[PDB]
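Taking the form solved without the ligand, here's one chain by itself in structure tokens.
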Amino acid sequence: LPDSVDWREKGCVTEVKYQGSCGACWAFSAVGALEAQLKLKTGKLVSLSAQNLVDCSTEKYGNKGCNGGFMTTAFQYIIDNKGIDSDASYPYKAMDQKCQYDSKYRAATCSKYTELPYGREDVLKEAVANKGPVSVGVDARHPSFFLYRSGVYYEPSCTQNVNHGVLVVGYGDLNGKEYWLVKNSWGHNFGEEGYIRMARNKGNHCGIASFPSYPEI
């Protein structure tokens, strides 16, 4: 496998989004994953509608809109619905709305998704190198996460119990300190232009490899 991977360099990652006061991290993680696959499968990169997921991937998928959700079941909604709209056509409003999906504005599809085995940072690495960005859950419930500015993030109080959906878009090392390159959805003023480099191969730090999944077009 490559020593470092950064899918931003392949034009597979859109601009970091600003979720506002809506707990839609799961929906951003999920669209971010499928955005990469769109680019890989079609050569087109188009930000996809996180709002579509918030509004439409609801009770049946175990999701509660601005009150949280799951990336896997967001992918299943996209599978079931045979599409998801572009962000531009169905823009993000940081709130719960009536479902307003329109097949006319479909910008991507999803045929399947794959769940990675619990805690396997090695398998996550392989998936990232060979499949694309991977949706993951992390334990972000720590001031250090919220306040992250730069460098490789390590929080000794982290557990493997996830509560925040983010997107692993790469991995590397910072002068030998290995990291996951994580795209968050708290605006580009969070971290390093909206990214956080999270400790890699430090015992499933903050649950990053607890529940990885990636969709396919």
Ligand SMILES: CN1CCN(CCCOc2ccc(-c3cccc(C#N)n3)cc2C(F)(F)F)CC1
Second form
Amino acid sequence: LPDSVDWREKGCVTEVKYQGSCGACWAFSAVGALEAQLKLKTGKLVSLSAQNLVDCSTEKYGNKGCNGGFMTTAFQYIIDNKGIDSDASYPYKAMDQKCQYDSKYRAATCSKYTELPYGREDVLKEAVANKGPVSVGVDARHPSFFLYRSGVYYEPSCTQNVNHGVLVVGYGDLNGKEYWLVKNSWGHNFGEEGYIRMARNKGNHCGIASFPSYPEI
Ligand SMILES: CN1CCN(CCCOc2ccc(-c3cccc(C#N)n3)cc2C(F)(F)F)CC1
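To test you: the structure above is the form solved without the ligand. What is the structure of the form solved in complex with the ligand?
Next comes the full complex, and the chain you just saw is listed first.
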């Protein structure tokens, strides 16, 4: 495997999104993973509708819209629904709404998804290198995560109990200190202009390898 990977260099990551006061992190994580697969399959980089997930991947999928949800059950909605709309046709409103999916605005499909084994950062590394960006949950319930500005993030009070959906778009090392490159959905001013580099091979730090998944078109 390569020592470092960055999927932004490969034209597979869209601009950073801003979830606002709506807990749609899981929707943004899910769409981000699919966006990479869509580029790999079709040649087009297109932001997909997180709002479509918030509004439509609801009770039947065990999701709670702006009060949280799962990337895995989001992918299964896209599979069952036979499509997801573009962000352009179904833009983000940071609120729970009635489902407004229309197949006339379909931008991607999903055929399957894969959930990686619990806590295996080596299996995660392999998937990031060979398959694409991987949706993950992290423990983001610490002020240090909010206040993060730069470098490799390490929080000694972090747990493996995950509560925030993000996307691993790469990995590497900062002067030997190994990290995962994570795309957040907290706007362009969070962390390193939307991104956080999180400690890698530090005992599943903040639960980053607790619940990884990726979709396929
Ligand atoms: C330590 N620095 C203070 C000034 N900061 C200036 C840039 C702004 O920093 C932030 C950006 C987003 C968030 C944030 C937190 C939860 C949800 C969402 C959503 N959606 N955005 C928080 C901060 C914040 F907590 F840090 F303010 C950077 C961090």
